[PDB]
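Only one chain comes next, encoded as structure tokens, the form solved without the partner chain.
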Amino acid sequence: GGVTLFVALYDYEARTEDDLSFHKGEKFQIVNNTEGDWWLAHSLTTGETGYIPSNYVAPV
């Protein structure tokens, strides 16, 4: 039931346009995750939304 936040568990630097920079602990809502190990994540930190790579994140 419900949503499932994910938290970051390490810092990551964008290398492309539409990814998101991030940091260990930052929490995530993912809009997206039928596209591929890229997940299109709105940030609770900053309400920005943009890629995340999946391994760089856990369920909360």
The other form holds:
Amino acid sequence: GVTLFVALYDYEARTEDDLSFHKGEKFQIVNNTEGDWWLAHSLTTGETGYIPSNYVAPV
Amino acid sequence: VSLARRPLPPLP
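Switch from the form solved without the partner chain, shown above, to the form solved in complex with the partner chain and output its structure.
Below is the whole assembly, all chains and molecules, this chain first.
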């Protein structure tokens, strides 16, 4: 299987390249090797975009 | 920088 990630804190994106999200939302990771912003898909909202890796933790 | 390599936000 896979490892999902959960938001630890709310985050308001400044660009549509990034996701806005709320604490407790869950993500699948699309790409985590290019830098500390990870391309992710929100299972909670259905959106795909970058998330800051310091705002999430593995479930 | 690329989107992936931008500075991270501070913790809230």
